[PDB]
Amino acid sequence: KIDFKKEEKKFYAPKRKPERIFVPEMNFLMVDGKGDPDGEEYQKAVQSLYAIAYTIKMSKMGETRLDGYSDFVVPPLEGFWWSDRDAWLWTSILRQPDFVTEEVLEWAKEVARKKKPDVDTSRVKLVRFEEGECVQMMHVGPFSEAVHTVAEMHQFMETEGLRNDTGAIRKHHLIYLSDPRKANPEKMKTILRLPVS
């Protein structure tokens, strides 16, 4: 069983200091959207991503052969953010094993329409993406104090001679290691990752 957090630990367990990292090509389910994480659009995006991921994972127990299939632990939710939470633009993502092809995604959408017909998966796409050279740091605590982590990552970029590429093309990137519906803001852990060049 593939566990990305265990097998590729540097990508999912930074410390509370900035570090340089090269993030290689990975396979993702992605949904583009806009607005507040409490809004319809984000809630449906996250629901769709997990619906597809679990349809693929649980196929081990069914009658369809997926070529190259391996069981896997569904990885943490991640998000790219850019542009007052209603004005946020984002891409919600879940990493997938390499065996997940466009045809596997199309199959999973059909299975989910039968078995989970209230879930709209029409916006889920499969994207392979090499994030590339980044700086990352573990943010511990409320999102309202993330400016301390970003500032400290910005200072690291200066000391290292790295340029900040953060914008609408190489984007601000969060990996959610805690569930906000299930823990206190002060105990949240979130990876913040910024593209550099």
Given for the second form:
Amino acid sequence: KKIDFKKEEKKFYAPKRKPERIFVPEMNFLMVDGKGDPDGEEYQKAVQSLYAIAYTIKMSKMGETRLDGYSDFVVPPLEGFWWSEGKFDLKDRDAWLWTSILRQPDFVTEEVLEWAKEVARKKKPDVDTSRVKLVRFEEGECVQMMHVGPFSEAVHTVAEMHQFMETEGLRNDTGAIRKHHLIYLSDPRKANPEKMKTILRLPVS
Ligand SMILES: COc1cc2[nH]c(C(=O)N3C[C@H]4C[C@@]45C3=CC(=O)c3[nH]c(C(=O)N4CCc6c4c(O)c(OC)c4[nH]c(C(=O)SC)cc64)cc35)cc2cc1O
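Same protein, different form: I have the form deposited without (+)-Yatakemycin (7YU), so give me the form deposited with (+)-Yatakemycin (7YU) bound.
Every component of the complex follows; first up is the chain already shown.
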């Protein structure tokens, strides 16, 4: 009875190295909005805060609080949305806008999140979780592809996805509403960039 999103819903986590259409149903997420370079402290803190909350929720089964509707779950891969506002140059990593996200089971409500922030304040006092929010949404119709290799080469994968959209008659909705979406299967701090695996997912209509 432990949820493992990667196994039970593998299609969302294991595309091949070619573009495919995918419909992404409603999911529940912890999210942190932020700005700037992923090498910077703000992004690192965002990721740390998400994991602090997710593991506080998961490990609640070993404490004295029974969360309503609790199910154990394998913490899923980190994901991110990426967009810009105003005139923008890609080389300008400080201008990047993003949201860092972790999927959660349905039982995670605002009340569960508030409880986890309080527990984490005690157990993990150096992590500020105040910007973590809970967002449920249906990402919907997308194209996705596994990108193997450095982030600087993602343009190759994105271009192939764009060509697939043309071939299939799909409109590219990517922008500031339906956002460019990465799912990180590798830890970029520990992985050889040449062998990193990242899902790139772009919304379509
Ligand atoms: C109690 O039990 C547990 C608690 C636990 N916590 C964690 C955990 O915290 N984890 C795992 C892991 C992912 C993670 C993290 C901590 C982190 O601070 C962190 N940073 C990154 C990171 O930096 N990432 C991921 C994305 C990203 C980077 C990165 O380097 C970049 O290069 C600059 C990036 N460039 C770009 C682009 O260019 S996009 C265009 C994107 C991007 C990843 C993680 C694990 C754990 C296990 C437990 O059992």
